[PDB]
Amino acid sequence: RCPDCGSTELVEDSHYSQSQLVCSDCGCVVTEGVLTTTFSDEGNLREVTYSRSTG
Amino acid sequence: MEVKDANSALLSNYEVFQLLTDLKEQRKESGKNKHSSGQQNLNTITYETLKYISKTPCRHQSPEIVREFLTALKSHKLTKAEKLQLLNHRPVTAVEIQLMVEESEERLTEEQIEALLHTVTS
Amino acid sequence: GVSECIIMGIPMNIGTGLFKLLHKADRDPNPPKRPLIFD
Amino acid sequence: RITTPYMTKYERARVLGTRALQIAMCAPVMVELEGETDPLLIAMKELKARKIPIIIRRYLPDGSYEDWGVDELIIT
Amino acid sequence: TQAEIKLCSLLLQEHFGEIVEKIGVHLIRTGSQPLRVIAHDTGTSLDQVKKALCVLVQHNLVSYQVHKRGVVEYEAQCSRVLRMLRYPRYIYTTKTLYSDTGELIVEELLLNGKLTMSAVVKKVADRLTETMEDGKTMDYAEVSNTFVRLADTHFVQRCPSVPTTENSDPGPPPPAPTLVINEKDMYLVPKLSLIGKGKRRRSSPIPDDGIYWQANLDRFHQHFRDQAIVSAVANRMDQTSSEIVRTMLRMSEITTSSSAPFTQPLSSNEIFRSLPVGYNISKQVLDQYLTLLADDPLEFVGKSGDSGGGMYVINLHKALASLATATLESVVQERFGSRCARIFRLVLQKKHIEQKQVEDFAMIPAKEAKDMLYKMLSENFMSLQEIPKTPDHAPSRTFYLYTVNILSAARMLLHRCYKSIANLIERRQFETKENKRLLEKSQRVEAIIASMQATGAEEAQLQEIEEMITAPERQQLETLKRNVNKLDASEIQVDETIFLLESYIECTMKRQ
Amino acid sequence: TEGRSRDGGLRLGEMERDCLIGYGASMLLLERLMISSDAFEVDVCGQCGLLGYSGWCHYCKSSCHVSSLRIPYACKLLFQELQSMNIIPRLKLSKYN
Amino acid sequence: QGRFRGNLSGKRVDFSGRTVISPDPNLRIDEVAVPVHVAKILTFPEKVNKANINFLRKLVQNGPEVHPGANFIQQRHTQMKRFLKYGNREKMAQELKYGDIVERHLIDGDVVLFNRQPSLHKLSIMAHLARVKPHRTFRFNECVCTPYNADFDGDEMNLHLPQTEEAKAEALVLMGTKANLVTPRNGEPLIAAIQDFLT
Amino acid sequence: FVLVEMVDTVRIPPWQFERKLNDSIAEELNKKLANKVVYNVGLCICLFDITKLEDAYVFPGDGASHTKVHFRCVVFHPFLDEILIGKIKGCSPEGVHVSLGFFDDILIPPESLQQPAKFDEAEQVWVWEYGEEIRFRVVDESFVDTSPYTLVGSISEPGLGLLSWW
Amino acid sequence: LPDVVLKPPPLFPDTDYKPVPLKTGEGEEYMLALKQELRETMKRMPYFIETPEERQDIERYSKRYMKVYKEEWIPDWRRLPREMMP
Ligand SMILES: [Mg+2]
Ligand SMILES: [Zn+2]
Ligand SMILES: [Zn+2]
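Taken in sequence, the protein lines are chains A, B, C, D, E, F, G, H and I.
Per the authors' numbering, residue 6 is the first one in the first sequence, and the count goes up by one each step.
Per the authors' numbering, residue 1 is the first one in the second sequence, and the count goes up by one each step.
Per the authors' numbering, residue 1342 is the first one in the third sequence, and the count goes up by one each step.
Per the authors' numbering, residue 51 is the first one in the fourth sequence, and the count goes up by one each step.
Under the authors' numbering, residues 2 to 205, 227 to 534 are what the fifth sequence spells out, in order.
Per the authors' numbering, residue 1036 is the first one in the sixth sequence, and the count goes up by one each step.
Per the authors' numbering, residue 349 is the first one in the seventh sequence, and the count goes up by one each step.
Under the authors' numbering, residues 2 to 131, 145 to 162, 184 to 201 are what the eighth sequence spells out, in order.
Per the authors' numbering, residue 27 is the first one in the ninth sequence, and the count goes up by one each step.
Calculated from the structure, these hints are not laboratory results.
Do not take every clue at face value.
Below, computed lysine-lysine pairings styled on BS3-like, alpha-carbon distance capped at 30 Å [what the hints assert, rightly or not]:
hint : chain 1 : residue 1 : chain 2 : residue 2
1    : B       : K24       : B       : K51
2    : D       : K98       : G       : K439
3    : E       : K124      : I       : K33
4    : C       : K1361     : H       : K33
5    : I       : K49       : I       : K33
6    : E       : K508      : I       : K33
7    : E       : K441      : I       : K69
8    : E       : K508      : I       : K44
9    : I       : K89       : E       : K463
10   : E       : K325      : E       : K124
A short list of chain B residues far from chain I (calculated; beta carbon distances all over 12 Å) [claimed, not checked]:
hint : residue
11   : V3
12   : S8
13   : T21
14   : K32
15   : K34
16   : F69
17   : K77
18   : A81
19   : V95
20   : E105
Here are some of the chain G residues that sit facing chain D, going by a computed Cβ distance under 8 Å [to be verified]:
hint : residue
21   : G350
22   : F352
23   : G354
24   : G358
25   : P371
26   : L522
Yeah, the Cβ is synthetic: ideal placement off N, Cα and C, and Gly gets one too.
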């Protein structure tokens, strides 16, 4: 929601290679930046299932 | 943040009164909006301490009178704490020297109290 | 060393970081001290 | 008084950077700029006018130091 | 030796203070160092370093030596710092073998380190003045007799005295006096014809100068070892054998040193002659006792000769090894049970043994004996030889046999005892400091009574002391007191095990 | 990130750092390789020399000597990995003067 | 790609671009052309002072759509960020206090870096004056092709924008194009006339 | 009331460079140590004077002017025997809540040392009769932050007679 | 295969064996008495050097009445090196 006015009309819009949450009324952002995994590390990491991570 | 000496030099209430008056006049001559809004506790503590000192008999004092009182009391072998308390309290009565003053035993001698009164009244 | 300056994220000693700058502020070193009355 | 009386390029760069950072923080202008909105241009004008209130504190490697004013140093 | 350093730090903080315990810990950790680097590393004032060094060298805790360029190096003795915990036992044994006069003598010698005979007899008289009453007074004759009796029995020894500087290179004096020691006057007492009477502390020129004495901890250690082996042989065979071995040890005290594999040859005739007359035992019964002690599977004594009738010798190292074995098996039994103690004694008797052989000889079912073996191996009480079939040392193709190393076991047990005493001291100090408010409250409400005890003693100040809020808290005070008492008793009890382990460790050291 | 399709930025390789060192641009290099790439704020305790969080040292169980400090995130990751290897880098802080 | 070489000695940064280059003789040797598309993305944080107040007001009034403008506004008291794409931009423009951080678009006069991926000597990366053009390529004077060792045959070129006044000043002074006309190897000038200029 | 030597690092922003440094330093020091208590020192009141003021550095970071200033400031710390004059700003059954005049409400004298005629029955009764004097006994300090006050002290009330007020 | 435990072991695991009760008698009582007496009497001795109190507030008339006066032992400088004279 909006920290100042309290408007809950926050919309996700794709910026110039940037993801953020912004309200359409006052144009104020509440959360900017997103952390995503890299394919360089994705091929290195091994997947674990709950059928094996529980015994 | 470090402290060098917590008891470097003891001072009476007259120096504190003078410092409070100087800070008050400096603030009223150089008043700032944002500087005040940053910490309003400064004006509060200064005004309240100044009012507390004004309620005391600390008025009508000067550094020359304080120096004369110190030189007069230095001849009665009294310690710094007792003369400091006498200057801060300014006892116009003998009972405050005979009873309220600590370590009255062997120090009254029934004759120096009159001299102490004559010095504190001046 | 410059390597650890780059790693630790501090300005390196070489280059512009060798010397230091001082602001020419209007002041008075060792200002007059308020005299002590009781002491 | 033993170092070079001229003002090097690294000292110029650092002084201009510090002055631009200060002016960007609402510092008082000493050259009375005429329509210069770029703080680096204001720093260049102040360096040309030789009125930068910054004193270079050169440090010798042994520990000794020396102070040099902008007007005292020779610019290029 | 982290546990040793911690115990020494706690003991120094409890006995001498804070500014000196830091210097002591620094000396113990960094070894011998000059005063300058000590003051530099500690980061305190020079005068405090000097005071700490002097108060440490007063109690003979540290020493100083000379080296190249005439520099003085101060080295601390961690063993000497550890031995001062055994002071109550020293006072008890000197009060048991002697009167209370020797008790006070040894107490003053331990609390002061170095003193003269006149000083110690004066202090003993002054302390005993308040003990007795009825207006009579004591002299210095009996105190001097007790002192010389302690001296000839080697309980007290003269401190190393600086030689005559006038005869030894009269001129520029070295930075250190280079204190030396002579075995001639080690137990000799110069004549002090002066006498006097102690004052009752009413509070209303040195003939023995340069001669300082101190309690000989070696004699106390030897006496405690003798008492331990006497108690052991008493619990083994009988009290008569204990008396026989006590007499033979009393005879061997003088003719033997503190470190020797065996004692001097003693014949049965002189032992019988020196035996107390309180026992109606004949020579044949004594010979039977000696020949049955020689056949003991413990090998405490040995024949080692046939001349002079019945010639016999005692085994100090073997007796200490047996005592260490008994202590180790006892602690194993108390920590893991009787079955694990049986397994431990089995694996100790046999030099090497296998798991199946352990189960066969100990008669313990599976899944439990191996568990006890693993629990005992995880505590560094046993070791695996691991004889390999191949230099690869693969576990699948090698044997494993359990073996008890008594030396490493005794060392780790001594370390555990040190850390245990350190933890007990820490708990005592914690309980003391957590209740310091109630302690000060009790002190003030009892000093209201301590004041005006006789002069100006009105009865109106007796019904208001218990009226304070400390009355419901007296149970907490009693619990604190009993806890401190139990902790001190436990520390003193562990001190005997520490002494036994240290004696067993030191006896096998050759210092070569 | 690395790839262009992954919205990745340019990489200041070793040779670019070498050129920036040769130019002597200390502040430019500091802004590029620290401020604009992996800038982060950590908490260090001046007593034990370890890393804290939210102005609190879990090791000493106190917060008097804890102070904030700017650092590249890669350096903090390196310190954490070294601490995992039982190799503890004890950071002894000091005043900027 | 470890921590030392891939994450400490050299690491990736933001506020950078990579584009194809093309010759342009109509620009000074210390100037470089920047496309409008990249200029609308790369932003510089300027602090509001008593001098550039009206310029920043006009930039905010223009918005993130017109080229001269900004994208985000950061207040002084609170650390909140306001996107200029939504809301009445005139209100935020009229409520611009001193010390606010405004992320303005890349405009003319800004000192910007210019670097090629293979860096042999220090002249491979140099600071120039940024200029905007409606085209989509990095254009600069060909006299600087000799230090960059470029040939305009499809080679990509990097461009880094500092986010600090100190870094910008250091780039303009030390890495200035007019101040690095000669190589430190032997003092021979590198930025000089080239083909189609000598003939 | 006693002077304390304090050495502090003061950061003055560049937009205050037009002001005199010896005044901005004092203003910032007064704003930083107003109505605060220094640990094991006492409640500081205000800056008394400035003894030493060395060069004003400028760091490559924020860019503001950093100065290491040596000064003397007044603090309130009795000597365990000083006599003070406080006013009764409340009272509890376990102890009277007397506050120094407009200075600080930190003095809580325990009602367990005067003659046995002390009882507070929650009706604002100071002391059962047979501008109040106060004798400090011991200081005490503590911390505040313990997760991601500090000066009260005890008071002595001996048999001072109190001819003016019971 | 060992099962999974959902709770870590307690900080103080219980053991079926307990410490042997302490030895009693006049010996241990005298041990306690003597140890307490030594702990008490050793603190007031001049060898126990307390930390020098600092930041003295003021000097008062009753200082000489409350001045901590204790006899100071003089170490034998003949046995002590010269580097420890104050
Ligand atoms: Mg090409
Ligand atoms: Zn809003
Ligand atoms: Zn810590």
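Q. With d taken as the least Cβ-Cβ distance between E105 of chain B and chain I, does d exceed 12 Å?
A. violated, 10 Å
Q: Hold the hint about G350 of chain G up to the distance rule: shortest CB distance to chain D must be less than 8 Å.
A: violated, 33 Å
Q: Could you check if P371 of chain G really has its C-beta closer than 8 Å to a C-beta on chain D?
A: With Cβ-Cβ at 28 Å, over 8 Å, it is violated.
(Q) At 12 Å, judged by beta carbons, does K34 of chain B keep clear of chain I as stated? (A) holds, 38 Å
Q: Have a go at the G354 of chain G hint: is there a Cβ in chain D nearer than 8 Å to its own Cβ?
A: Violated, because the Cβ-Cβ distance from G354 of chain G to chain D comes to roughly 30 Å (cut-off 8 Å).
Q: Could you grab the alpha-carbon distance between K1361 of chain C and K33 of chain H and see if it respects the 30 Å cut-off?
A: Between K1361 of chain C and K33 of chain H the Cα gap is close to 27 Å, so the pair holds against 30 Å.
Q) Non-interface claim for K77 of chain B: all C-beta distances to chain I beyond 12 Å? A) violated, 8 Å
Q. Between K89 of chain I and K463 of chain E, does the CA-CA distance stay at or below 30 Å?
A. holds, 25 Å
Q) Does the claim that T21 of chain B lies outside the interface with chain I hold up, using a Cβ gap greater than 12 Å? A) holds, 26 Å
Q | Satisfaction of hint between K124 of chain E and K325 of chain E, Cα-Cα up to 30 Å | A | Distance of about 49 Å is beyond 30 Å: violated.
Q.
Next item in the hint list is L522 of chain G. Is there a CB on chain D closer than 8 Å to its CB?
A. Since the shortest Cβ distance to chain D is 5 Å, the answer is holds.
Q | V3 of chain B non-interfacial with respect to chain I [C-beta, more than 12 Å] | A | Non-interface label fails for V3 of chain B: nearest chain I Cβ at 10 Å, not farther than 12 Å.
The structure fails to meet hints 2, 3, 5, 6, 10, 11, 12, 17, 18, 20, 21, 22, 23, 24 and 25 from the earlier list, while all remaining hints are met.
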